[PDB]
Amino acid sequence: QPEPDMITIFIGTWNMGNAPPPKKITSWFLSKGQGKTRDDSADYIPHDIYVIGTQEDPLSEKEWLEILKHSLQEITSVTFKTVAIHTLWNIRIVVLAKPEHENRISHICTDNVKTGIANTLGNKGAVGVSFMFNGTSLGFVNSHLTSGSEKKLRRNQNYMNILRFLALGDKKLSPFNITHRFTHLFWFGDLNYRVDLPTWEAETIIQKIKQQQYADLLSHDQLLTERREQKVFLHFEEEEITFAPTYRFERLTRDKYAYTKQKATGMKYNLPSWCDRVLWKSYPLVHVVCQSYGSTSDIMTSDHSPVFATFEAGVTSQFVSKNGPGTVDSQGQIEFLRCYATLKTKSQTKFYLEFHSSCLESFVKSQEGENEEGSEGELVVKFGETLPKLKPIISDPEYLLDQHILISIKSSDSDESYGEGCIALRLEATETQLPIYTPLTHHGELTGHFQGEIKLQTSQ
C-alpha cells in the first residue's frame, strides 16, 4: 500500500453563538452553500484530515465529537479517528483523520494562548494542534480575536501574541515561531475583522450583499487592508472571498443581517462582515491548492454562518536509506556562496547564522558575519564564502530536493534571533550555483532579508 504524495485537508470555522447546532450540519463538511464550493461528484470522497475550529461553542468535547463523527460517517461511511481535541474556554479545535492514517500521524501537540490583560483576558485567544504526517509537519490554529469594528489594532496585537506564544511543533526549532515550524500552517477562526464603512451605509451594504456585489465591501475589509499594509498575517495566503458576509445574522433564518446597536451588543453596530476566515502559509515550492472556500446557507442556529475551506497539500514519505537516518550520507552537501543578510536593526552587535532542518542530524551554527553599512542606512551582514558546508542525512535527490533549510540570524551578544526565514531545496539544478532568497521576520514582522547562492550535491 503506497504512501501518499498528496492529501486533502478540510478546515472548518464556526462561531456557534453559544447555541447548540441543528440536527444536520453535513453541508459544512461537503463545502456546499455560497462561494467556491465543492463538486457534487466528490461528496462521497472523504478528506484525509478534517480540522474543525469552533468559537462560542456551548457543547462538551464529548457532545461535539459525537456530532462530528456521526456527520462524517453519514457522508463518507468512514469512522474517523480522533487525532486531537483541545478547548480554551469556548474556543475549540478537533482534528479527525481517516483510520488508514493512524500510523502515519505522530508527534501530536496541542496548546492555547489567552490574549489581552485583566479586562481583556478571559474569553479571547487561540487553540492549536500540530503533528507529523509521514515526512510532513502540519500546524493548525483556531483563534477568536477581539471583537468590534474599532479594534483592528487589538486584533493585530492578538495575532502577534498567538504566533509568539503558541508552543506547537518541534521544540528543537527554538529560534522559530509557529509561522516557520510547519510545512503547512492553517490559521482560521473568528478573526473578527470588519467591513470598515460608515454606520449610515448599513442598508446600502445589505443591498450590495443581496446583489452578490462584494467588490466595494471587500475593498473595506479590515483583514485584507491590514494584510496589504503588512500589519498582520505577513506571508500568509487567503483564497478570494466569493460568499456573502458570514456575520451578523438574525438566528433561524439567513434572510436578515442584524446590524443595529442593542444593549446585548454593548450599543455597538455590527455591519455585515467577513469575521470568519481561513488563511495558510506553506514552505516555499510545496504544493498547496485551495479547492473550496465558502459558507453554508442552511445552518442557522448561530448569528454566524459556518465557513469551510479545503486544500490539496503535498506530503512526503518517512525516508530511510542505507546511511541516514542515524548517520550522514557523504554523497550529499549544501553549500552557500556570496550570502548576506540585510537587517532593519539600529543595533551594532556581531551576528551569526543557525541552519535548522530535519535533513541535518542537528542544527549548524556559522561563524560571525562581517558588518557593513548599506547605502540607505541598513545593516548588511556579509558571510561571503565563509558559511559551513551542510551535511544531509540522506543524499537521494528524491528526498533532498523536497527539504527546506530554516535560517535564524542571531546576535553574538545576546544569542537572540533578529530574523527567521526559510529556503527551499527544490532547485532548478544540482551541482550548479543558483540564487536563493528569503525575507526575514521576527515575531512575524519583517526585519530584513537573506540572499545569496546555493550549490546542492545529491547522489544523482
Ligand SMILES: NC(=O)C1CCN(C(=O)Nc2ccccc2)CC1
Second form
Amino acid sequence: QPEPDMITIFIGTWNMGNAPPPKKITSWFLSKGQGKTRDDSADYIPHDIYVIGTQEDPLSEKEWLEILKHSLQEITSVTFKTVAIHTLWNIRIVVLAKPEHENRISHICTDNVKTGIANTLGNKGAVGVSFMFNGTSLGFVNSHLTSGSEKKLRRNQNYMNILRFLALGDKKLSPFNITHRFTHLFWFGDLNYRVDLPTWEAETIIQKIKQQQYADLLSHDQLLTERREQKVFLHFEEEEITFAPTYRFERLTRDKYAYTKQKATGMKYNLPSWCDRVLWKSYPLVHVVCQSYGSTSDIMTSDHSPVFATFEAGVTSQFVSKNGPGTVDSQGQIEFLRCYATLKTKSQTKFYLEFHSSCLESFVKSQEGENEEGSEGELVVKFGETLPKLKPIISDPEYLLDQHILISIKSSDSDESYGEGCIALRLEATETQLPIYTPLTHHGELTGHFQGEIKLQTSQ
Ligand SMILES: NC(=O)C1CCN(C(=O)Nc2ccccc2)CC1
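Structure of the form deposited with the named molecule bound, please, following the form deposited without the named molecule?
Once more the chain from above appears, this time first in line as the rest of the complex follows.
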C-alpha cells in the first residue's frame, strides 16, 4: 500500500447563528451551491481530511460529531475517524480523517486564543489544530474576529494576536509563529470583514447580487483591500470569490438579505458581506491547488451560509535511510554564499541567524554578520561566506529537494527574532550556486528581506 504524494483537504467555515442545523447538510461537504463547485462525478470520492470550523455553534461536541460523521458516511460510505475537536466558547474546530490515515497522523496539537480586553474579551478568538501527516506538517485555524463594518482595524489586531499566541506545531521552532510552522496552513472562519459601501447603497448592493455582478462589491471588500495594503494576512492566498455574500440573510430562506439596523444588531447595519472565508499559506514550491471555493444555497438555519473550500495538497513520506534519522549523511550538505539580511529596524545591535529544519538533527546558530548602512537608511547585515555548512540527516535528493530551511535573524543583545522566513530546497540544480530569497516577517508584519546564493549537495 503506497504512501501518498497528494491528499485532498476539505475546509468548512459556518457561523450557525446559535441555531441547530437542518437535518441535511451534505451539500456543504460536497462543495455544491454557488462559486467554484465540485464536479458531480467526484461526489462519492472522500477527501482525505475534513476540517470543519464553526462560530456561534449551539451544539455539544458530541451532537456535532454525530451530525458530521453520519453526514460523511451517508455521502462516502466511509466511517471517518475523529483526529481532533477543540471548542472555545461557541467557536469550534473538528478534524476528521479516512481510517487508512490513522497511523499516518501524529503530533496532534490543539489551542485557542481569546482576543480583546474586558469589554471585548468574552466571545471572539480562534481555535486551532496541527498534526503531522507522514512527513508534512498541517495547521488549521478557525477564527471568529470582531464584528462591525467600522472595526476592520480591530479585526487586523485580532489576526496579529491569534498568529502570535496560538501555540500549535513544533515547540522547538521557538522563533517561529504559526505562519512559518507548517508545510500548509489553512486559516478560515467568520473573519467578519465587510463590503465598505455607504448604508444608503444597500438596495443597490442587493440588486448587484441578484445580477451575479460581484466586481464592484469585491473592490470594497475590507479583507481584499486590507490584504492589498499589507495590513493583514501578509503572504496568504485566497481563491477568487464567485459566490454571493454569505451574510446577512433572513433565516429559513436565501431570498432576502437582512441589512437594516435593529435593537438585536446594536442598531448597526449589516450590508451584504463576505464575512466567511478560507485563506492558506504553504511553504515555497509545495503543491497546493484550490479545487473548490463557494457557499451552499440550501442550508438556511443561520443568518450566514456555510462556505466550503477544497485543496489538493502535496505531502511527503516519513523518510528512512541507512544513515539518518539518528545520524548525519556526509554525502549531503547545504551551503549559503554571499548572504545578506535587509532589516527595517532602526536598532544598532549585532545580528546572528538560526537555521531550523526537520532535515537537521537540531537548529544551527551562525556567527554574527557585519552591519553596513544601506543607501536609503536601512540596516544591511552581511554574512558573506562565514555561514556554517548545514549537515542534512539524509542526502537522497528525493528527500532533500522536498525540504525547507526556516531562517530567523536574532539580536545578539536580546536573542529576540527581528525576522523569520523560509527557503525551499526544491532547486533547479544541485552542486550549483543558485539565487535564494525570502521576505522576513515578525508578528506576521514585513521587517525585512534575506537573499544570497545556496549550493546543495545530494547523494546524486
Ligand atoms: N480531543 C480528544 O478527545 C481526542 C480526539 C480523538 N483521539 C485520537 O487519538 N484521534 C486520532 C489520532 C491519530 C490519528 C487519527 C485519529 C483521542 C481523543
